[PDB]
Amino acid sequence: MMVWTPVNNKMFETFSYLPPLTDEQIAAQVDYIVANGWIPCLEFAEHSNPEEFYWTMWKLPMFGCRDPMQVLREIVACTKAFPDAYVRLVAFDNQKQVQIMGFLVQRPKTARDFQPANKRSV
Amino acid sequence: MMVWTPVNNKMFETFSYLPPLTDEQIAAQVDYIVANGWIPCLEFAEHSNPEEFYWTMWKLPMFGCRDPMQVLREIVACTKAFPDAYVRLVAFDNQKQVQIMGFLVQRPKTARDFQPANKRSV
Amino acid sequence: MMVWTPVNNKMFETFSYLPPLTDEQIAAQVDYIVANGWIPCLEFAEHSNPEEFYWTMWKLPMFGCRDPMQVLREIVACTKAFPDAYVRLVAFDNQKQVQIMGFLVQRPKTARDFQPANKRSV
Amino acid sequence: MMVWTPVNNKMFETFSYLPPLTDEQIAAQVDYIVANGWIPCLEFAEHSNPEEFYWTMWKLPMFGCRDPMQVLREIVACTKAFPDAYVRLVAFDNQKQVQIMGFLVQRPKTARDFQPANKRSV
Amino acid sequence: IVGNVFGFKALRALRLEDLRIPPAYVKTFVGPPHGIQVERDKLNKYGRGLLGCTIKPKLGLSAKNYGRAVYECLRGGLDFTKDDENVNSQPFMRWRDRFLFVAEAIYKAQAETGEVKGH
Ligand SMILES: [Mg+2]
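Protein chains in written order, with the authors' numbering: chain C, 1 to 122; chain F, 1 to 122; chain J, 1 to 122; chain W, 1 to 122; chain B, 120 to 238.
Pulled out of the complex, with its shape left as it was, chain C reads as follows:
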């Protein structure tokens, strides 16, 4: 019997219970956005609290973007400008008018409020 730790075990919604996403895994998610015609967008924040609905938009949603390399380059530019921020990649569906995907691509390095996968239970 392993015990799920209540200590510094914060999660950040979709994919947070999986191993950290590799560059290849992030690129595969971006291909998913493009294959489905959804609108990529980046958002960032100093802090992440469950009570806080809005983050800050990086530039504008990438309307008409069908090029995964473009999305990956904006991830680089966003994280470069805010190297200590939480940064997430999201995508919008304008037909249902809702966010249809989203996951973290960066956390602050000074953060020690979450566990590596093998330290989640004791």
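Treat the hints as calculated values from the structure; they're not laboratory data. Each residue gets a CB set at the ideal place from its N, CA and C atoms; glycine is no exception. Accuracy of the hints is not assured; some may be wrong.
As the list claims (entries may be wrong) - Beta-carbon label-pair distances, calculated as ranges:
#1 W:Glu-51 - C:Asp-93: 35 to 41 Å
#2 J:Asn-9 - F:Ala-77: 52 to 58 Å
#3 J:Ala-111 - W:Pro-50: 45 to 51 Å
#4 J:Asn-9 - F:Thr-110: 54 to 60 Å
#5 B:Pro-152 - W:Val-122: 25 to 31 Å
#6 C:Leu-21 - B:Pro-210: 48 to 54 Å
#7 F:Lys-119 - B:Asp-216: 37 to 43 Å
#8 J:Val-7 - W:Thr-5: 28 to 34 Å
#9 J:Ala-111 - W:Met-57: 25 to 31 Å
Said to hold, decoys possible - Pairs of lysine-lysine, PhoX-like flavour, derived with a Cα cap of 25 Å:
#10 F:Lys-80 - C:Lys-10
#11 F:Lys-96 - B:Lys-175
#12 B:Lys-175 - C:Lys-96
#13 C:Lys-10 - B:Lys-128
#14 C:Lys-10 - F:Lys-59
#15 C:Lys-59 - B:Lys-175
#16 W:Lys-59 - J:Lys-119
Once you have looked at the hints, place chains F, J, W and B with the ligand on chain C.
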């Protein structure tokens, strides 16, 4: 006339006003649980606040346990995994469906918010 | 025109706008209590906030005390036991059933939230 | 496309989106007060929060003042007495009975919660 | 549509398979309090199915144990837990006692995980 100090004199419910429990004393409480057929369970928390009802369960309540040594071993294992935590031993009565005993078996070492017995009054 | 400073200028009710009370001045206030037949009492606290009604009683109110030396000795004893606390001398009238006098006899030394008399305006 | 930074980008009402005011620019604002017959006044505070309506008045509003040099000398005197405070120059119109102008003339030096003009976007 | 006709002696069985609700009639209804898109916006949850869990046993748990089970469930990664359909208010657990303990459990699990929780 001695004055009961208001300063760093926090208490933690049952047995807090007695001298700290010896290993023998803890063992005797565990015998009591077993003699009465109650369900032993361990719980732990980083912090202890009177307003906070739930702590985190260590594993599961020890249903069917009639072996005091088993309970004592789980105390060791719980405190080993969480050496800085408040840890309490409790027991459940499934007939009345209520917790029927409970007391602290560990506090954080970094805690200076309580007094030794002979420092409670000045 | 001098400007009354808003910065670290906390006050503590009766007599706080006067020069700090000398030993002789405190002794004169105690004589006042005794001459009027009122009940002396000491109270203390770690912190002083305008929102906080009650402090901690030092022992019991000195019922029947007609001896100023006794009151002064209790001041010494209270401040010795709590050298870092706010400590006030108060007096009760049991006919009107109300506190009839009261003033600080000790503040914490670590406190820098009040001004000396000549620094209250700039 | 430049991104407006959410990080340490606090503003302080009128003129905060412009380059910091030079001595000559402040003097020109004072000339404006005098030319219009308005009442100059200085106010200051340790902290500036959007929720906090009142600051502390420096002395009294300069009723009957028609001399810009007098106003400038009070700015010097106010900032000298409170070199770490927010200080603003305001002016009142007694016919409409309302503050008719106002802007910061000093911020705390220890403040790093705002950006220089060229660092507002990334 | 289904009031009397299913009991007519002249038929042996009757099943209503489908209804065409026309827009002019649909427009007379308030309808769902929020709906899918608004719900996801209110929960701030995107990109996957939501996860829930009925507390068990169905009946027989006290309010305090209900909240205990709820906290432990939510803290492990479920978005939701729920009362069993037949958990209303009963001698073993009165509803208001439950509501209060459940609210404590939701709050504790939300704070521990950093994710929005409900029950
Ligand atoms: Mg069910």
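List in ascending order the numbers of the hints, as given earlier, that are violated by the structure.
3, 4, 5, 12, 13 and 15
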